[PDB]
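*Asks:* Add chains F and D with the ligand to chain C, keeping to what the hints say.
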Amino acid sequence: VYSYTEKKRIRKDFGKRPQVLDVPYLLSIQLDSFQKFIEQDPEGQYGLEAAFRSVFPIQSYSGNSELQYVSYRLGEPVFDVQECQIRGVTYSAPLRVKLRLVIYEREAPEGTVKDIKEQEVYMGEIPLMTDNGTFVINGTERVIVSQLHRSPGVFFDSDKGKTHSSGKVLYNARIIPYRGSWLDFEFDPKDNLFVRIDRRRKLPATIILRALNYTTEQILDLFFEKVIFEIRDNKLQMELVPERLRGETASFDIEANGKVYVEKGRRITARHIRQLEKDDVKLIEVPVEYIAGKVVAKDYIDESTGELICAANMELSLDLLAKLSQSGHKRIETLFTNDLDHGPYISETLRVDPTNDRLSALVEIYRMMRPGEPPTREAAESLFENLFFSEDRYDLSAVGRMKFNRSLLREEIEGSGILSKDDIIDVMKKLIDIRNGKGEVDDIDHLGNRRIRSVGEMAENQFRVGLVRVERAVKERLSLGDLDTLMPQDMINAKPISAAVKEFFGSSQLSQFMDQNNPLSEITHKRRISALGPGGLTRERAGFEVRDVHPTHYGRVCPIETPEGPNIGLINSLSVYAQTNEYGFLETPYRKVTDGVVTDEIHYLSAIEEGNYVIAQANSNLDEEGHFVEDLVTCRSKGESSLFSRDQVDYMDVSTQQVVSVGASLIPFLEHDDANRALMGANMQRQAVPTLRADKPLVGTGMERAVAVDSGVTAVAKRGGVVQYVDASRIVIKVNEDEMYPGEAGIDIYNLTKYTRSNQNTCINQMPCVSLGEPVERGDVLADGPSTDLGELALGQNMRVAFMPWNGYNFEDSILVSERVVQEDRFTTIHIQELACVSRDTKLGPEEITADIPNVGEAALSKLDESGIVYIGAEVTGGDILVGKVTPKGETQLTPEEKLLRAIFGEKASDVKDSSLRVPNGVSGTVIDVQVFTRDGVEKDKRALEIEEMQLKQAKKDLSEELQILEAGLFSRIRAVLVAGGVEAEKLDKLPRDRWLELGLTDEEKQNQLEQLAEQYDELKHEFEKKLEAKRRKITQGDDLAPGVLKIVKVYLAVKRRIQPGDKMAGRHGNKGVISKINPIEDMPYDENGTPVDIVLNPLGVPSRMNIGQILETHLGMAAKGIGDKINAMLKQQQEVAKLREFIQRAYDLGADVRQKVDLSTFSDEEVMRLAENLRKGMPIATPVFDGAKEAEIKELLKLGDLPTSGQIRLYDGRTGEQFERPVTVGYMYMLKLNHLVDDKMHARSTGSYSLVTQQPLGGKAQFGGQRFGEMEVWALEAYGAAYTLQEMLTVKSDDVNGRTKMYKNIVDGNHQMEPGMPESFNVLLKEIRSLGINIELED
Amino acid sequence: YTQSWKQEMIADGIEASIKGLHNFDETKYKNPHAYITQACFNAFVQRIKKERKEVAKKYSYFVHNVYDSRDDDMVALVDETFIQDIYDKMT
Amino acid sequence: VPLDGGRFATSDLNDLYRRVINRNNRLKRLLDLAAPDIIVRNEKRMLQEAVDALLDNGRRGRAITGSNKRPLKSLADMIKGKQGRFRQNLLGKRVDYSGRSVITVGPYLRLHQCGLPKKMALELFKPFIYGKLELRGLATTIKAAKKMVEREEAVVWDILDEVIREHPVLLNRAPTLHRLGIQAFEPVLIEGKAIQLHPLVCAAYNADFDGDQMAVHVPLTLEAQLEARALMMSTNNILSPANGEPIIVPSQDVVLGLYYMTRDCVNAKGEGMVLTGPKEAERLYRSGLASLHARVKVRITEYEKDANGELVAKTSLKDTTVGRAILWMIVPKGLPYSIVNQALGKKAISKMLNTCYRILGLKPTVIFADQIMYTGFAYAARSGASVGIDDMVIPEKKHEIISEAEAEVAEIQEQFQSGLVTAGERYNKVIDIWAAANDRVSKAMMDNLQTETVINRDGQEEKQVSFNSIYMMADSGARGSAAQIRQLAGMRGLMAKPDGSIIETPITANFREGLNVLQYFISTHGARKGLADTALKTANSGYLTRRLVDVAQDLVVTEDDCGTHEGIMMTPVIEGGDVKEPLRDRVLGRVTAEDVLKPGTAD
Ligand SMILES: [Mg+2]
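Residue numbers (the deposited numbering), protein chains in the order written: chain C, 2 to 1341; chain F, 63 to 153; chain D, 253 to 855.
A couple of the hints might just be wrong.
Straight-line Cα separation of at most 25 Å, BS3-like style, residue types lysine-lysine; simulated pairs [to be verified]: (1) D/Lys695 x D/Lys649; (2) C/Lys1057 x D/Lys570; (3) D/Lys371 x C/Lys1306.
These are calculated hints, taken from the structure and not from any lab test.
Okay, chain C solo, but in the shape it has when bound:
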């Protein structure tokens, strides 16, 4: 069972694995984001609502006047899309906000509001997203590609190796806020630990600690453990729990209770300590000398002196022990020490500290931050203060606090947006542990860390920027609050927010023209993610690592599709099912593998929570019961793969193709091609310019439906009904009633566009595909876009192709064609270039669009119209004129050669001069349409009036149909009311149905109903008039102009560029090539059956480029066509349907057990015929990416044709009619027409302009530029004694102005001879160094 629009041409699908989940809606990313950006909801938590409830409420400078926010609403599109597309305006809306100013009663906060004063305030014009996830900025259609960046939080960097080359590994830890200032801690080659702020100079972290108002003793407390002494009779029995004595040698016999356990000079074992805990020792003998190195815990005062017998962190000495122990404070504290269990790195940092207090600590903070300034305590205070805890300059998004407490393994997801002293200490502790050897680092590209942005996010960010600006302003405004003389608007400047928004959209490197020449590329240019621009690395900052692929990329990012060249992996794309976690993280559908069942339940999992599990690959069977029919199954847990038990696993993939992006999910027989060739394939596929007709590729991938319907160029019903009035210009469906709303029973009117320009000058049009009267269901395709076909994507044309060498005409990559395809013109493509001529006003007076032009041959002038606008259909070429637009003269530009004539004729002669819109040299073609734009209230001319009358007549038509359709039900009910009570036969029809309430019907409540529904009729009439004249006003009227202009005209050239030796064509398999020569039909190799073969590729292609996929495709395609010659023949000779359906069903059986399971006995036997005629051209075949069609089925189908199972057959030359030994391979293969056309590349330059700062001939092709002649060439020339060549090359043809003039003369008068001269730009350098005082000279 299928969509009734699917039954129109059903494609056979090989493929053994069923699916449990459909493909989701592709563009869902942009939709969800931008939706989430403008959504009035509780708490907001996001978008406008967030920034509003953040910045607002807001008040005076404690001046007891407050500015509070309540609510908001998005205004409206004043127009719709196509309207803007016409004019060139930004599709947008305003933002209506609810505010209130509330001043306070005098000398009391809670003191009554001086005035509750609110108002609705205008602010900003946010653009809006089409239903296809794009934008309209200035007519044009940009797209916002989403970024991906390093999530905010904290990270543990390793930096192995090259640190000091000592072999030791350094470390560092970095905290990054969403917005704010980062922070770093790190090491020196000497185990010294340091802070660094804003990647500025390095400072001892001790300084930070001091800033925390921290006694250095409290620092020591934080990090190290405790060690306790008591002064004995002698030998200082220290407290001990035996554990810490794991890993030490006995310089003295470890003893307790007298019974020694360790001998003098014995390294204690762990098991010793074990039996020692069994002995439970606490106090131990100590050679006091052994205590020389144990630094003091902290300070130590005396009592009689009352003075510090020791300061915090003093190096312990024996006499020092005397002083200490003398004073009887037997409780002595020092610190635990170790090297491979507790490295004592804090102590030395303390040593190096030059600081004493919190205050001088802040002083250092300042000095390092702002240099050289003699500080005031308060300066540094405020600096550090707002540096890390004030929302003015720092924030962690919720995802921040999340990741933060997460990496810290703590158990809270919530928190603040700002830090805490704790947090920093926690960082330092963790890093110290890492330094000891407990704890592991992170790596960069591990997707568990890289988060993803969207449009709504960066949107609200720029929004915050603008809001902060107007915040500063209006805050200072409320500062001068003139009480009660101010509504909450007068203080409000609503310009700059809109300014910033418009900037962002119209200008941000995360915004570019929608790549628009394919329903494919249009969708590739949205499901694309990068790490460039603000918050990403730089195209030449590119580090190797990020530019690679991380095994975590599984099913989250296409492995194979990225635009190669100067950047790889940076502009990689997104896979099929991959969603986005609410935090901008990725997830992936996954099925539960319960006790023995791979059930049908599914979830979505991150890049890290995933790591705990083992998950089954796709291509492995189960017994319809989840039990892998095998036992050791291919699985994966973490950067790994292995055979696993029948019950180790936890999950399974959803479907094979969930590994790749859609831009590859098509190129069939993928698992028979290398990745490189697959890469070139997908990329060169992305640029298949749409040609004239549209034929499907015969071999597909079963995944071309969900491309179209999710693309835009289609046209799809919104509810079932009946096609009622088709036309090549528009579609009229009567909706069905149960799918209809009370008011406006209505008719779905689809206004397909005709030929309009794509962003790269390629036609588009939405041609219908339906039959008048046919029904459609709720959501079927109605009209097709470029390179589309009945809902099938169709990017090229499939062709009978042969594989063999031929007179070198396929030597390197020459593709060789016959006339017979360009005979059919099946590779022609139209092109559309918009040309524009405006009318502003310079000084000296404004300008005109007259047909009145000086010093031009009237021959040309004739071609224009009376206005000055050439007509529709004039085949035009370059060096001509399309509009006449003339300017006043001006003075400094008056040559004597016209001073003459202006003297004679009277100065009414040289007052004006031409600016006409020409035809850009190098182009030709035909005019299709001309748009003319003028200021309204300013005069509108002939053409303007014509466009007016046409468009209004048109727009009236549909609503005319509307009323005349919806009304007639009223006369239905009317006569239904007159029927009962003497129905009249010919009064109701031979007379106007309006002429029913003039005939006297027996006047009871039924005539009351007559007059009732008559008034209702007339009311609906008049309000229909209201609607239509609203439309008339809106359309008839002109259009505002960016003031400074008067009126502008746009003209639409068009050209049909067909094909030529030089163009670039390629199959989806990265097998590109230029068509070299096109011989006559008679010379193409022909089979015995007469039929010649279109193109003859090269055989050498496969060995080097190990991409078998092409050949297998070709064989399958020959097979697929091999159903045509069967059905077509069976049908041409007439035939009853029985055998037809029979052969159909058979051909559809044709394979191993697949998901297809179609049946044709279903049909009412006519649609059978429809299907057959769809087939008549050939049979369409489907094969998913990794659920393919093995060789055996291909041999099979081939037999079901009539062909030799090899696929090879014998052929004859067409120039000697003799047989080809070694039978060759022909089949049917999809070829695409790559849009690098030669006529865009050829370019010459006899001589033209020159740059002015240096008279070198200008560059580029738009300019008549000369080629680039390089230093490499300079050498390649010096290798030969090619002297005069090089000289005359680089002076006489480049810069020697005198010289080049002399040359030009001598050559155009028959004398090849050169005057050397001396370069010019050299003199430029000479004077350029003369600029600086370095006097340069040129000795005799």
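*Replies:* Okay, now just chains F and D with the ligand, sitting in the frame of chain C:
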């Protein structure tokens, strides 16, 4: 906006305050702080208006040259130089 | 404003200048006020920083960013980098009388000429055409000529024809590696838009025909035409300057042709009969009365100028294959047959070319090479050397070797997991066993493929070199690596790791069968690796060759014989084991100072 401008701005304001210190009553205007404040304020706005309309003049000179070499002109940009060169001129 | 078309630049120099001059006057003015010297100090500082930023921005703390967050340009920035005067306009410079386009083949061309579209041809010579017209009187003034050339008054073409008669042109590709990246030609005019190309030279240009773009310039002075003529013509550049190798190597498809020609079938039509002239060979081939690759006795002759210049000829009877003779009719004079009796893969034709050039001179060689390309293309065409799903034979015992390999590895792994060996050496054993199975299946396939000729010879059968188009290429050496095949049929072993480690389990599959997801994923990673390395490699090679060319840049043969009898005693190199360069090479073409003795003394 611009560090480079800001340097010259402050230069202006400083000289302005220098010369204007000459005359400052005490019996009235019991504060010199705001005096110098608004003095420099005005100096700044003077400087900035000068520079704005200078670069405006640059735009104006530009837009009056479309006759460079051959066909194939541009429409998008020119309108924007124009529209700025108009906006600034509004003042 | 430059205003020189396109977007407009800002020539920001003045700005600095402006602001610079600004401060200067301020200084005076403030000195003119008797300013508090602290602030006069400040203004002195401002001036100093200003002139600084004018001379070379950035050498201070904060380089004065221009705008949009960009640093501006001092007097020094016009000077340095790959955009300062030197590396931008003093050395590299766009030049007039030039053109650029896409390229194609056009095999009908002989060696010394290039195709050329009509249009570019027309513009590139406008001055010449004007001169010719006005010499002819067909026009009278330059304006008349401009108009005539505009709308192609149909005379023009023949005019242009005369102008081209021998006027050279110079062709080049973009990344100019070496002395042959740029050459000369004599064009033939095409009513097309692209450039044909004598399909041999495409090697020097390192050029695929997949959308390359070549550039073309034109000499003006007669002297220039001469320079090009004698010194950069394709008829003058045949021995790679890196090494006396002939650099005109018939590349790949001529190769397949020739190989398919010089060969032998076990028993073909009329094999082994006797003939008396390669004329008859041709006939009996085309007449379809004799097969091509078939043993046959044929009478021939051959020449040699071994004597004093005189190429004495002399006959004999050989037993060879037909196409051997068919070709042999082309081999020019001074060559012995045994040069050809072989099966003639690629390097054979290379060395043949070389000796031909060495003994014969130049013109014989070029004519030879041209004829060779012709014949090869023709016979490859006749061949029908296709390829299809049956060109890939399969090791039947693939599954065998693989099943036993995995059976063992399961054992050794459960041995370790039982705690009987170390993980590192267990990994090593796995490495080695997969290497073993790899090489074994390689032998299996390659051998099975390379010999499956089993065809009676009026008797039982014999087994000679088989004829798989794939195998035919390989043994031809025309295109493709034996390892390429290995990947096609054999499992392509194991791949790398982002580190450079190797995955434990290998790629068990071929390309015939399809890869499963994971293996394919891994291959993906490796390919991306290699590509990024391609990028960086091109990069570094750039700056390398830059320094290289720059370091010599001046060494020129100034004289003949420095008057000395020293030098170095060269010897073959021995890596300890096998030797690498026979002494024959270091000596070949390097003038000896001292003479040489025999090992026997005084000899
Ligand atoms: Mg190339």
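*Asks:* Look at each hint and say if it fits the structure.
*Replies:* Cross-check of the supplied hints:
no.	hint	verdict
1	D/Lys695 x D/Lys649	holds (11 Å)
2	C/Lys1057 x D/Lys570	violated (63 Å)
3	D/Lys371 x C/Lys1306	holds (23 Å)
Taken one by one, the earlier hints fail for this structure only at number 2.
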